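Single-letter residue listing:
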Amino acid sequence: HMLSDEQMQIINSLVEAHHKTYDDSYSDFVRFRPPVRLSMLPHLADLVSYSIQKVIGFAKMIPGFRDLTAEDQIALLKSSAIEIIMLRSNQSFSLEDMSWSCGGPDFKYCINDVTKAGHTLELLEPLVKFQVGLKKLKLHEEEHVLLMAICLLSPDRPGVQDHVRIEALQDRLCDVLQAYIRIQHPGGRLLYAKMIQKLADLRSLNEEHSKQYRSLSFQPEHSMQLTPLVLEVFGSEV
Amino acid sequence: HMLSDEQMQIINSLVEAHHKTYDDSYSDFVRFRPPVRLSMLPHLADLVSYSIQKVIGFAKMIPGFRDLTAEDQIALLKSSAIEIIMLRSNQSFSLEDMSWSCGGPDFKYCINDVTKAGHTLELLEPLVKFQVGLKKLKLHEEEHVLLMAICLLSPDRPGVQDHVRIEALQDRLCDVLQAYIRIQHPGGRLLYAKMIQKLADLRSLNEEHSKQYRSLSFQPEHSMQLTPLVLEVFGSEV
Amino acid sequence: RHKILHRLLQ
Amino acid sequence: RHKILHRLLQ
Ligand SMILES: C=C1/C(=C\C=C2/CCC[C@@]3(C)[C@H]2CC[C@]3(C)C#CC#CC(O)(C(F)(F)F)C(F)(F)F)C[C@@H](O)C[C@@H]1O
Ligand SMILES: C=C1/C(=C\C=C2/CCC[C@@]3(C)[C@H]2CC[C@]3(C)C#CC#CC(O)(C(F)(F)F)C(F)(F)F)C[C@@H](O)C[C@@H]1O
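In order, the protein sequences belong to chains A, A', B and B'. A prime marks a further copy of an entry chain.
Numbered by the authors' numbering, the letters in the first sequence go through residues 154 to 190, 252 to 452 in order.
Numbered by the authors' numbering, the letters in the second sequence go through residues 154 to 190, 252 to 452 in order.
Each residue of the third sequence is one higher than the one before, starting from 687 at the first, in the authors' numbering.
Each residue of the fourth sequence is one higher than the one before, starting from 687 at the first, in the authors' numbering.
Warning: the hint list may mix true and false statements.
To be verified - Heads up, simulated BS3-like pairs for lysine-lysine below, C-alpha to C-alpha not over 27 Å straight-line:
id : chain 1 : residue 1 : chain 2 : residue 2
1  : A       : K274      : B       : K689
2  : B'      : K689      : A       : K349
3  : A'      : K425      : B'      : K689
4  : B'      : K689      : A       : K322
5  : A       : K330      : A'      : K268
6  : A'      : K350      : B'      : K689
7  : A'      : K408      : A'      : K268
8  : A'      : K352      : B       : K689
9  : B       : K689      : B'      : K689
10 : B       : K689      : A       : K349
11 : A'      : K274      : A'      : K343
12 : A'      : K330      : A       : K268
13 : A'      : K292      : B       : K689
14 : B       : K689      : A       : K408
15 : A       : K292      : B'      : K689
16 : A'      : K425      : A'      : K292
17 : B'      : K689      : A'      : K292
18 : A       : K412      : B       : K689
19 : B'      : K689      : A'      : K412
20 : A       : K350      : A       : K412
21 : A       : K330      : B       : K689
22 : B       : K689      : A'      : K173
23 : A'      : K352      : B'      : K689
Unchecked claim - Pairwise CB distance ranges (calculated):
id : chain 1 : residue 1 : chain 2 : residue 2 : range
24 : A'      : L413      : A       : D281      : 26 to 36 Å
25 : A'      : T329      : A       : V168      : 33 to 43 Å
26 : A'      : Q411      : A       : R184      : 38 to 48 Å
27 : B       : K689      : A       : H377      : 44 to 54 Å
28 : B       : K689      : A'      : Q398      : 46 to 56 Å
29 : A'      : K425      : A       : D281      : 32 to 42 Å
30 : A'      : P372      : A       : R184      : 51 to 61 Å
31 : A       : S157      : A'      : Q267      : 50 to 60 Å
32 : A'      : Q411      : A       : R428      : 29 to 39 Å
33 : A       : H377      : A'      : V452      : 51 to 61 Å
34 : A'      : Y175      : A       : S166      : 36 to 46 Å
To be verified - Output of the computed footprint for chain B' on chain A', the stretches with three or more beta carbons under 8 Å from beta carbons of chain B':
id : stretch
35 : 376–382
36 : 412–418
Keep in mind the hints are simulated off the structure, nothing from the lab.
Where is the CB? At the ideal position from N, CA and C, for every residue including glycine.
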């Protein structure tokens, strides 16, 4: 087999969208509230808020997303956001020092750093285990970006309305991945399954984060250190 | 005449409260989102949000404030906050370079800096004219701190309920000032009047800021750069 | 609600 | 409302 022109286009517009919303230099991080070693909460809130905007710009360039109703777009984004963030953050994750390295020693976050931002080992341990497994799948750019769009276009989210249209989108995308791997990836005949499972892991991870963020956001002394966008996206308004 | 022990105490607890809520080193400013030359909006929002917390800690130590109902305390704070900020900010204002200098060249804000945070000359011009006049009154520490507490305890604010109790507080404080000046300040027999007028100027200034903040906060691209506390205090919820 | 998300979604 | 102001006012 070989991919169709339509499939090929999808890959193209997706990879372009990724490059336009991911700055490999992390130079913008100097505009965040500085890291402090809940001393790390201001910087990581600034980090997540930044990533949410990037995740939004990415989604806007996914073929078909823009053509959903705003309600649905917000619904998909509000529930998949942290998963896209965990997914995209694999690019900065490093196995050699088991942390996310972002252009410097100040912007290197280990588990202990994130523990000073109000999270527990109950999240951070499966998260790092997740990032390693995902790292070990040695995904192509095309695969990485596909997987993220698949995650965005999951129809089993709370709040979606046109589940029929969103499922059609996700399937179209999965075919592109299942195909791509078959043709363009040597030695990956279990990979699709391995990626699908990575999605199932993200749901658990989403749940644990949501528990902990809920704990965090319920204390005004801490939620005041969050950002209006974070509060909007991770908050529970209908 | 000479001040009573009660008046003397009031002065004492007020000056102590000022020192506890004003860090003359401005070292905490390195924890704000950096200044950029609406490039200055993130840093000044971080600056104001910081000052609001200090203004709150100050008010908490004013004799009698703590004994009001929370409703009233919030009402007094929500409407006087920016005035206390303009008032307290005189301490960093400098006539030699016509700007607020806060420990460095990065933390030196002229009119042009604040114009990059979403404000117009319509505010910033009378503001600087205000800061100069106030600077020229060469207030004692005791007078400066009194004037701020008077401003906080104004009963003519929207939302106050026990205007009777708050007026009693403010008068008690004004007597302390009117007295202090008489006794402890040589050559200030017009000063009380000059300070009272400074209060009337602040109301105009409050109005102009409120117009402009309302303009600013109505644009999501800008309000997202503000902070949860700023939004709470300067926002209009009842 | 979601004032910011609506804007960011242009 | 005013969740933060209530806290900051202890
Ligand atoms: C975010 C990215 C990168 C690193 C990601 C990293 C490394 C730092 C920790 C992050 C952020 C992790 C992914 C998820 C995790 C463990 C978290 C969290 C959180 C949280 C909060 O509850 C908190 F704490 F209040 F801030 C929330 F919701 F407010 F934001 C760096 C680059 O790859 C870009 C990518 O876009
Ligand atoms: C605040 C202080 C100092 C300088 C103050 C200064 C110098 C900088 C500009 C300030 C902040 C001025 C007093 C008032 C003014 C012209 C302003 C403003 C504003 C505004 C906002 O609308 C904006 F823009 F969105 F951020 C608001 F509401 F969101 F905050 C420095 C020290 O004296 C401490 C003192 O506590």
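Right, here's what the structure says about each hint:
{"no.": "1", "hint": "A:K274 / B:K689", "in the structure": "17 Å, holds"}
{"no.": "2", "hint": "B':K689 / A:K349", "in the structure": "41 Å, violated"}
{"no.": "3", "hint": "A':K425 / B':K689", "in the structure": "24 Å, holds"}
{"no.": "4", "hint": "B':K689 / A:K322", "in the structure": "33 Å, violated"}
{"no.": "5", "hint": "A:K330 / A':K268", "in the structure": "24 Å, holds"}
{"no.": "6", "hint": "A':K350 / B':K689", "in the structure": "39 Å, violated"}
{"no.": "7", "hint": "A':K408 / A':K268", "in the structure": "26 Å, holds"}
{"no.": "8", "hint": "A':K352 / B:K689", "in the structure": "46 Å, violated"}
{"no.": "9", "hint": "B:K689 / B':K689", "in the structure": "20 Å, holds"}
{"no.": "10", "hint": "B:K689 / A:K349", "in the structure": "36 Å, violated"}
{"no.": "11", "hint": "A':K274 / A':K343", "in the structure": "30 Å, violated"}
{"no.": "12", "hint": "A':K330 / A:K268", "in the structure": "24 Å, holds"}
{"no.": "13", "hint": "A':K292 / B:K689", "in the structure": "23 Å, holds"}
{"no.": "14", "hint": "B:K689 / A:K408", "in the structure": "38 Å, violated"}
{"no.": "15", "hint": "A:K292 / B':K689", "in the structure": "23 Å, holds"}
{"no.": "16", "hint": "A':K425 / A':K292", "in the structure": "15 Å, holds"}
{"no.": "17", "hint": "B':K689 / A':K292", "in the structure": "13 Å, holds"}
{"no.": "18", "hint": "A:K412 / B:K689", "in the structure": "32 Å, violated"}
{"no.": "19", "hint": "B':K689 / A':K412", "in the structure": "32 Å, violated"}
{"no.": "20", "hint": "A:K350 / A:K412", "in the structure": "12 Å, holds"}
{"no.": "21", "hint": "A:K330 / B:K689", "in the structure": "30 Å, violated"}
{"no.": "22", "hint": "B:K689 / A':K173", "in the structure": "38 Å, violated"}
{"no.": "23", "hint": "A':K352 / B':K689", "in the structure": "39 Å, violated"}
{"no.": "24", "hint": "A':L413 / A:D281: 26 to 36 Å", "in the structure": "57 Å, violated"}
{"no.": "25", "hint": "A':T329 / A:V168: 33 to 43 Å", "in the structure": "41 Å, holds"}
{"no.": "26", "hint": "A':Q411 / A:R184: 38 to 48 Å", "in the structure": "41 Å, holds"}
{"no.": "27", "hint": "B:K689 / A:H377: 44 to 54 Å", "in the structure": "26 Å, violated"}
{"no.": "28", "hint": "B:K689 / A':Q398: 46 to 56 Å", "in the structure": "52 Å, holds"}
{"no.": "29", "hint": "A':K425 / A:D281: 32 to 42 Å", "in the structure": "39 Å, holds"}
{"no.": "30", "hint": "A':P372 / A:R184: 51 to 61 Å", "in the structure": "36 Å, violated"}
{"no.": "31", "hint": "A:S157 / A':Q267: 50 to 60 Å", "in the structure": "59 Å, holds"}
{"no.": "32", "hint": "A':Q411 / A:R428: 29 to 39 Å", "in the structure": "51 Å, violated"}
{"no.": "33", "hint": "A:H377 / A':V452: 51 to 61 Å", "in the structure": "39 Å, violated"}
{"no.": "34", "hint": "A':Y175 / A:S166: 36 to 46 Å", "in the structure": "54 Å, violated"}
{"no.": "35", "hint": "376–382", "in the structure": "violated (count 0)"}
{"no.": "36", "hint": "412–418", "in the structure": "violated (count 0)"}
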